[PDB]
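There is one chain below, alone, in C-alpha cells, taken in the form deposited in one PDB entry.
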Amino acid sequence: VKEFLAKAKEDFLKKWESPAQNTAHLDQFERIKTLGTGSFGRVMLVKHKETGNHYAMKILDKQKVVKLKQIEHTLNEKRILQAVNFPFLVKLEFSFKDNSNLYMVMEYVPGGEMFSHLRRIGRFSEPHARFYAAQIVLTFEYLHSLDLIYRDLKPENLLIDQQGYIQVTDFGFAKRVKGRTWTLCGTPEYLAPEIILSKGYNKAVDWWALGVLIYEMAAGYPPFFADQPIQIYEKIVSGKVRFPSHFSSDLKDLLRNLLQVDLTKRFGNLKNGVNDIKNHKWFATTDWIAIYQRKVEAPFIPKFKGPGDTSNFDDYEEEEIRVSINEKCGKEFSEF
C-alpha cells in the first residue's frame, strides 16, 4: 500500500510542480446540453469533434470569479485536478481559457448524481451505503496523503458511472495544505463544528463530512437539517445526534466516531489514521482491495441507452456563452 501511495505522491508532485496548460480550445468542441451546477460555474455535456468523444465541460466566467473572491480557489481547483489520479476521482481531460471564461474538460459520467437516485429511492440499505462509503474512504486516503483537503463532500458531487461506481467531482474548495487553514466554505449540512466555530481546521473536517454522508445515504436525510443554515449550525455544534431506529448498532458506533466534535478522538484523526475507519466493524465485510479494483459488484447500474444520453441528469435553463472581444482578468488567471 505504501509503495502505491508513495508512488502516487511522486507522480502528483511532478504534475503539481509543473501543471499542464492550454491543452485545447473551445472550437474543438460542440455544445450539447447543460448537465448541472456545482460550487461555481456551469457544466455542459460536449462532443469533441476530432474524436467524437463526449465530455463534461465546466465553464467559469472570469469576471464573476473575481467578484466572488474565488480566484485562488479556482486556481487551486485546476492545478490540483490536473495533478491527481484515482479511480474514484473524475478525470480532467483538458483545460483552457479564453478572453472571458475558464474551461475544464472532464470525463463525462453518464449515470448522474448520487443525489438524484438517493432522493428518488428514499434511502440506501446499509450494504448499499457501505459500498459507496468505502470508495470515499479510499479517496480521502489518497487525497489526504497528498496534503489535500476536499471540503465539499455531498451526494450532489458524487457521480455514478457505467459500472455503478462513484466519481467525485467539483474541486472548487480543494486545497493543498500542511497543518490548518480557516476558510468558511462547504455546504451547511456537511460542515464540521470546528469550521462553523472559526477555530481553524485540517483534514479531519473531511472525515466528519463522511459521517454526514453515510448518515444521509442510510437515513434518506442528513443528521442536521432545518429551513435555514443558521438553525442547521446550531444543531451541528450542539453535541448531539439522533439515529433512525433502523440503523444497525455498528453503523451507529461508526457515526459516533465520525460525527465526533472532539478532534482528539474523531475517527480518521487518531494515531492510526484511516485504518481506524477501515477496520471498524461496520466495514467488516468490505474488501478494500477489490473495491479499489472495481472487482466488487455494484448495487445499482444506471439506465444508459446512449454514449451521450443525459436522462440521468435533470434539465437546466440553457444559458448562452459570451466570449468578449476583449481579454478579461488576464493577470489574475495567468497560471490557468
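Between two forms, the rigid core is the largest collection of C-alphas that superpose within 1.5 Å. Numbering follows the first chain given and starts at 1. Compared with the form deposited in another entry:
- The Cα shift for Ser39 between these two forms, taken after rigid core superposition, is 2 angstroms or larger.
- Core-superposed comparison between these two forms: the C-alpha position of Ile321 differs by less than 2 Å.
- When two forms of a protein are overlaid on their rigid core, residues whose CA moves 2 Å or more are considered shifted, and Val274 is not one of them between these two forms.
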Second form
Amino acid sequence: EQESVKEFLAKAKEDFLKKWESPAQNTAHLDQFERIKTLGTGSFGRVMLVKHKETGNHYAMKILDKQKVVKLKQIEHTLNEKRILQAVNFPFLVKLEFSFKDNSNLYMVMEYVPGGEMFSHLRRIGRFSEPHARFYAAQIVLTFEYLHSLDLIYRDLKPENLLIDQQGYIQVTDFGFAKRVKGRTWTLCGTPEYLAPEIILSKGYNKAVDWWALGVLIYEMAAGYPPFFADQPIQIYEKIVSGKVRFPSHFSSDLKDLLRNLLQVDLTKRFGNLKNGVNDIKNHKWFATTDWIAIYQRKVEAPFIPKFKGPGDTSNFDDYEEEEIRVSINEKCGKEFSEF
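Requested next: the structure of the form deposited in another entry (the form deposited in one PDB entry having been shown above).
Partners and other molecules have been left off, which leaves just the chain.
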C-alpha cells in the first residue's frame, strides 16, 4: 500500500541525518583533511577533493584567500555564496556540509560529486540528443523556479557549473555571483557567451537574465556551441544584442520556438518573465514529454551516467596545477569576515 513511500522517506531521512551528523560544526574545524586533487581554480582560491581524516568522508573544499578577496573588494560576493548555500535546499543544488576559516583562508566544504562537470562530457561527446538536453533543462528550470521564488538570481549558468552525480542528475555549483534581488541589480558578472543583453548594455537587470542563460545553455547542449559564438568578445556582444540567432538544421521546430522565446532581447516578451512566468516554459510543446514531478523526485532514468570508480577517483575531472596551502601565524582580515 502506501507504506513503501514511508520507507523511501525514512531512507532519504537517514542519508540526510548521516550527512548532517558526520560533519564538524561551522567554524570549528581546522586543516584536518587529506588534500587529494584540485578540481578548479579562480582569482582567489581553488576547489579541492578532500578527505576528512577522522571520518574518511570525502568533500569538495573551496579554499579562498581572505587577503586577495579584500584587495579586490569582493567580500560581499563570497559572503553571499556562503550564506545562500547554507540557506537554500533543493535536489539540484550542491550541498554545503560545513564551513570554517583560519588566519588566511575561507573554507566552504561541499558534497563531493565525482561525475565531473557537464562541460567535459559535452566537449568529449560533441552534443546531446534533444531528450538528453531536455533532461538537463527540466532540472535547470525547476532550480530556477525555486531560486526565483526565493528572490534569488543565479547569474552564473554555464556548462562548467553543472556537476553530474552518480545517478546522472545535475548539481548546480558556484554561487559567488548569486544575489537576493528585489527589483533591479547592476553588477557585471557571468561568462561572455551567456550574458543577457541587459547586462551587456549596463542597464540594470532582474531575474530574467537567468532564463536568457537557460536558452543559451539549451542551445549549446543541443548544438555543441553557444548561439552567439565568435572569436572576439566584442563580436559576441554584438551578436547577443543583435536580436538574431541562427539554429542548426537538425533542431526540431519545438526546440527552435522555445529558444526563440527564451532568447528574447525584449524583457517584456521573454519566457519566464511574462505573466504566467515559468509556466510559459513548463507548458511548452518541447517539454510535453517531461514529467516535472518525476524529474524533481529523481525518478526519471537519466540518459547518461558517468563511469565512476569510488569516492576519490577524479578521472571525470580536469587536471590543474597543485599548490601547497600555507596558513599564516597571524590572522588576516578578521573583522572583514566576522560573519563568515
